[PDB]
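Participant: Model the full assembly from the supplied sequences, consistent with the hints where possible.
One letter stands for each residue in the lines below.
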Amino acid sequence: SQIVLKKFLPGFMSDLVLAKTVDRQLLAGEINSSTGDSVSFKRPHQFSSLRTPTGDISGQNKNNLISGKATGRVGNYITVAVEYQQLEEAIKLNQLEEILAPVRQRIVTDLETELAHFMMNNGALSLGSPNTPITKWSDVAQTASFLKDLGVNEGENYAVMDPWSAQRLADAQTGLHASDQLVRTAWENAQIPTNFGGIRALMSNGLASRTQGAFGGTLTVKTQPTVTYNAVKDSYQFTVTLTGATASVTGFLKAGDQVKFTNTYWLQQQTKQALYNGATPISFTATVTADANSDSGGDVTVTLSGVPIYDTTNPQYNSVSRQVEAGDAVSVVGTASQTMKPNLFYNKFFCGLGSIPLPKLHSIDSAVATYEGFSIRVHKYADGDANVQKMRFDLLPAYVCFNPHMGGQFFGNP
Amino acid sequence: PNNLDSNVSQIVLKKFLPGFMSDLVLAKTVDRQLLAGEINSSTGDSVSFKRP
Amino acid sequence: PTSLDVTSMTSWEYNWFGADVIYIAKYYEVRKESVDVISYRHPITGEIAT
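Chains as they are written, first to last, in UniProt numbering: chain R, 10 to 423; chain A, 2 to 53; chain F, 204 to 253.
Do not rely on the hints blindly, as some may be mistaken.
Partner residues are not named here, just some residues of chain R that face chain A (Cβ under 7 Å, in silico) [as the list claims (entries may be wrong)]: (1) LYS71; (2) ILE75; (3) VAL329; (4) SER330.
Distance ranges between label pairs, derived from CB positions [to be verified]: (5) R/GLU106 x F/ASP208: 53 to 59 Å; (6) F/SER214 x R/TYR380: 55 to 61 Å; (7) F/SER206 x R/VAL377: 51 to 57 Å; (8) F/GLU232 x R/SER375: 50 to 56 Å.
None of these hints come from the bench; they were simulated from the model. We put the beta carbon where it would ideally sit given N, CA and C, even for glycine.
Facilitator: In structure tokens, the structure reads:
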């Protein structure tokens, strides 16, 4: 009842795959003391052609030159702080080393959870119905096929799924017919290969989950929005208002919901031709960014990520077949208020990540802790005359969204 | 029309313009050897010198 | 008139009576300068002489 061991019991731990896959090259050591609190990148240029029988362009308009931007900003602090009575703390706990172990992993887990939230909030592409899980081989190959169909080449493509989904895919490998290595590996270790369907497939247990958000009624747009390139050449975000909703519901659309425009299709970005999904055209979709309520009269104003550019004076930047106008029909994927864990798929150049070094506070003892390439500043002080020491850990990340049309969520389809 | 204002950046140089300044004559002219090293905050707040 | 350097160093626990001392200092500098060397090459009694 008195004697105690000096070694703690083991605990539970998540895994980190999001940080190790996203781009950590372009945004690194760029938000310094001189840059400020934000930094921006450039965008590629696109040109259109004028077809004339004799080569005369005098009447027509030569291509104009418009430059875009992609801004990255800093986030909030990741701070964990504790206080203790040092007499009872130092009873058998030597040098306060036991606090160090479960705090860096807490910081890393929170950072990764917020990164996943940001990634699924800003992604535009969607595939399959949210209800259906992943059970077959095509459910993974569809993501790679879609990404190749859009036309992205420079980079690497990755897909992330929960532990159970890997087991269901692994069982399919056991039933293969001629590959001895594959069936033996799946039977013994239950490990799928690195490249599953042409896309680098990964497994992660810690994956953020979201709720749908209650909606009801045949939604449609009342006012033609502005989707000209000049308006959205800096953010790829646009605002739109809807009608036909329910009378008055708070939290009508949560963050991360996918709104699909039925009659507007995607385009092969280089050839500017429509996309055909084997038997049906692929419709345009957008992601909710901020929570939106509905007022009396059934009017919902929401901000969406991903723009259906159909500028008529700059045809070279089109990405959809037709211009979205009033009276169009839209729908929201999923059920009323179900909660599910989304599966993410993205290109290498979709979201960035970086860290801002933190200086030591004057006349306060401190140190640096490293954990998977993250530096954590630990500070100790003795405020108060009640023998209450305090220790705090800090970390300051920064995110950036390059192109919303290069990633998103995906599920299985029946 | 060409709208290419996002191709450049606003720059604030690392140069400081000259300021204003004063001069020191009164401090140099006074006698400083007599009072130097004669007053301590803990010991007291006054010193005395003897008249001829 | 005479202006002396100030150090505020001595008089630390000592009685001073002679205000007839002026403090002067010598200043030393080392510089890198360009100098032209002339090579008198008279062969008699040694030739190479720079």
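Participant: Checking against the hints above, which ones are violated?
Facilitator: Result: hints 1, 3, 4 and 8 break, sorted rising.
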